[PDB]
Amino acid sequence: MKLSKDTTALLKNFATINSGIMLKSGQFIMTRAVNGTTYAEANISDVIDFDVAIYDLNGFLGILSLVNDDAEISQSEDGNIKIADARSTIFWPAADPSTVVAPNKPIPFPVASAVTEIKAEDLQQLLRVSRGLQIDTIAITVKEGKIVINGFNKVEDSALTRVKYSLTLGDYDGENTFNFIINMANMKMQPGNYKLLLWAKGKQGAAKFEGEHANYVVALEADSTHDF
Amino acid sequence: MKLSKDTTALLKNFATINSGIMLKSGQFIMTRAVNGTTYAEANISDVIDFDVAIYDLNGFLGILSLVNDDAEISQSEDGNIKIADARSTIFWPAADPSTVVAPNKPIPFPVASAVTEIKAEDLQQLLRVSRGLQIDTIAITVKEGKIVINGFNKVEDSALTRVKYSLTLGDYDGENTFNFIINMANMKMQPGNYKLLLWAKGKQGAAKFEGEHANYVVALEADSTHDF
Amino acid sequence: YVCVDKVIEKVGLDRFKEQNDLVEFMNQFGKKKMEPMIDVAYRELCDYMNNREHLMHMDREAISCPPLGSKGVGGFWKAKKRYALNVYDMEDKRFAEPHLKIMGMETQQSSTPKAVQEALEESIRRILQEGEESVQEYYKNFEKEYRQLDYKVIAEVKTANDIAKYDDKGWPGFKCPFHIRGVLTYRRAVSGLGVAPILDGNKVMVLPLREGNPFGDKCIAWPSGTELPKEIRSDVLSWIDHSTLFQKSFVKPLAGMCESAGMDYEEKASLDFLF
Amino acid sequence: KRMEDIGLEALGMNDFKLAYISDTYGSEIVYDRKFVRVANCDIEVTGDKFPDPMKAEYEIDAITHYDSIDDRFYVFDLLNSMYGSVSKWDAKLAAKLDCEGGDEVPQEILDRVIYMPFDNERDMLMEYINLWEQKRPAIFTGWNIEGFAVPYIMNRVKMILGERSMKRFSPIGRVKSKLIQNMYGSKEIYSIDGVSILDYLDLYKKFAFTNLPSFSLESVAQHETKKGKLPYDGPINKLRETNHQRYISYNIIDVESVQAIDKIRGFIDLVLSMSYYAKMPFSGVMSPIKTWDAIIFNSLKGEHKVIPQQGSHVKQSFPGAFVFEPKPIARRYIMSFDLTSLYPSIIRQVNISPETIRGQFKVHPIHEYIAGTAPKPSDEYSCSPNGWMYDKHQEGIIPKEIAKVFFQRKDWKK
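Protein chains in written order, with UniProt numbering: chain C, 1 to 228; chain R, 1 to 228; chain D, 623 to 897; chain H, 71 to 484.
Be careful, since some hints might not be right.
[Stated by the list, open to error] Straight-line C-alpha distance at most 25 Å; calculated DMTMM-like pairs for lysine to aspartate or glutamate:
id: 1; chain 1: C; residue 1: 154; chain 2: D; residue 2: 752
id: 2; chain 1: C; residue 1: 208; chain 2: C; residue 2: 227
id: 3; chain 1: C; residue 1: 154; chain 2: D; residue 2: 754
It should be emphasised that the hints constitute simulated quantities derived from the structure, not laboratory data.
All chains, please: the whole structure from these sequences, using the hints.
Now the structure itself:
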């Protein structure tokens, strides 16, 4: 149906997360990684009428950006997607749900083992300098009572002992220490003020980037450690 | 180190001449072409505490442009480069001065046969038209009784007689004749006006673009002539 | 080597409580399948060829089967005549515990040391029989254990020749060979240690180094049958690069079988934490 | 030659030793393995660089010759070499455990070790020559013998004593050196006319149906008899100068290990059996072609026939082995099987003896025969996928030999 510019931005972010997309009826958007390492979910103001699987989300968004914002998207008579504008009609064939990784339900996040806050500018600086400094790993840990993030180059040092770029997140008042590792090719957030919720029990452990527009969840490589 | 944006732009333009740098402890920046065909100097206000050798300048400046200008840069415990922001640090490796090619001694220009001056728009015109017109060499000479420029296509005209760009640099009150030949790629300079110091003797000759921020010196190929 | 697993699932895997029962059932299936089917599949060829009688006939010589109640692959196929199986019964010679029949890989290839040979054969057994997490745990265990192993066995054997051609005033020259590079680094390091120099034609164990060592080079090489000098032994050991050697001596094979067995050799994604 | 050059064919055997042995005995022959002298040899040479058998520049200091009927380990040691003189070997010391300073040689071995030292090389080599003369081996083996032992001994006796004594090895005074070993053209083999050289390494490589990471004597000995030797230190080259005692004892277990393997495999009993079943010289065991020629000729002569002249053909390579294409996939339940004597069985499927050819027929694409879409190539005459055609009622001589040998194998399994 009708989609707003912010809604299309969220769809483009989901396309960056995964090429395909599932659109069930409702006011929720959800898509997981092809390998399932990352998951992006959000709540949209608009509603959805019918579920549809799209293989080429980025191309569909590129087509949609060329027409009016008030165009209506529905199920065409030929089993495809029909977009009706004021003067133009577009036929985008609908992909099979089985050909694209499809999520089932959002995850009820348990109590976070750690809660932290990150700003838009700091996260943008992190992601931008990651390319320049050829950083592929980031370790979030505790150093002199401060919860911080640090950059690590996995390829040249699999021991994760070479500090290359360390950004201080905030204060951490607790003896429950941890070192959680993230791979740079996973997180794909939009700019904004975000909150980190980190949960871990034994080998089990995941992290959550929650934001004002969308919420993403990412995994931890097994060499992550934590004492609580 | 706390550096200004103007210094970053100047040394970015410097980075075209040489990929690496040897920032010796002091106040004076200085680079030479890898093939030793063009030298560049400048004096700045930010004192240099210690000598440092940088292999990849462009990536370093990309990192610098994505942090606060007040981030303090120094030498880490391992001899590398540590730049600390308000709430973050970056560990850029420092190369050995042996591997990074840098000029040895500050260069004075003894004396110019005919000191002239060039306006910024002249070099700007020359540089934008060199690529489009497929020009591979230029000549500074005396024609009509005035010092002028001449664009040549060595690729097709081995005699370098096919003028494509002509512009009277200025007047010439003397008896010495000259035809200095230079390649546009050989001459890389910041957009701005300059003072030409042109000298010659035997087979060996000089052109110099003195500037308000940085000064460049280019050489003249063997095809250059000078009669005194 | 026809692969027949449909009959097992068709009959019902739940019917079998022990590996011996499954082996016996598939043996009876082979017995009931071979003689009539092979006879009919060869009598027409015999009458095509017009001979007196068809002597041509096969048997049920070898069997293989992943252990019952486990999640191991059982048998994979890396390349032509390069594979592994977990045989239970060779020519009616039943084994109480399954024996692994392996060929092609570097388990039998002497280019790699013998300790890594044992490690590869154990890993092959684990992937065939135990399952994924077993191989992951064995990977991590060996990876921990490899670092503190003696530096003699984990040093690559090379031949030191024509050293003087590739030296530049005691420093590496043009197209300096890796072993010759290590020999040159050794000579620089042992300059003034009172040790005998490396001679042309000698054999050297090479230990590569990571970038940035005080010796300023990525490898060292020391003479055959001898040990590293005690003064520089600690400096070398603290600075050796066993990472790329480990991968070349152990990781390489798993990559092939796991990619050819639907298997992973180290995991860094969840698929569990989420739905 | 004269009937060859006039363009006419001469039938029978060109080779004559086979004819003589077949005619002289005729009936099947019996033998007692005890009577034939089987000798074993091994040699250790101390050298600065790898001792090269072809040039033989270093000196021999260790020779262990195992005689079968005398059942003796003759040990020749060189005391005063150019590598510094050494002490004399002690039997009781070697028999002891290694911790007190022994080498753990089993006692029954030392009960048969006839040890002799020599101050100079010429005396030791001459003594070895006359020991060979007095007790002439009938089959002279060892581990990797034609590669390192036979060549080195003969090159050294040539370079020290001269060819006139080098030729004394054979009972008929003929030691001809063959040069080729055309595989890489690396080494040279030797042939002493009168004794049948039979390298045990080749015998194991060909008559074992086993694959090992390394075929060196130590690993295969560990595989076979589960008896390695006490680990040592340093390069072998200096062993003679460090504890020469162990050196000599080392070589003494070296020859036995081979005998042990024989006692497990009975390889020389096998070589005797094949030689006396094919009525042929011993060394022919190395060549399957000679063996098969001998047996088929003997059978045909027993059937009053004649073998044809060896036709001369050019080398025309034919397509190799049909190898299936493996999909790199894990197969949990995989039943594997291969038929018995594939090629020998086919030999009775098509009866392909030289006289059994009967012409050709119309050739279909091979896939037609794979799918069976082609019709019957012939009804009264046999068919082969090569477009050729063979008899059905006339049994070939090669199928007859196959039937005889297969029946013999079944009878002997019974």
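Results for each hint:
no.: 1; hint: 154(C) / 752(D); in the structure: 30 Å, violated
no.: 2; hint: 208(C) / 227(C); in the structure: 19 Å, holds
no.: 3; hint: 154(C) / 754(D); in the structure: 24 Å, holds
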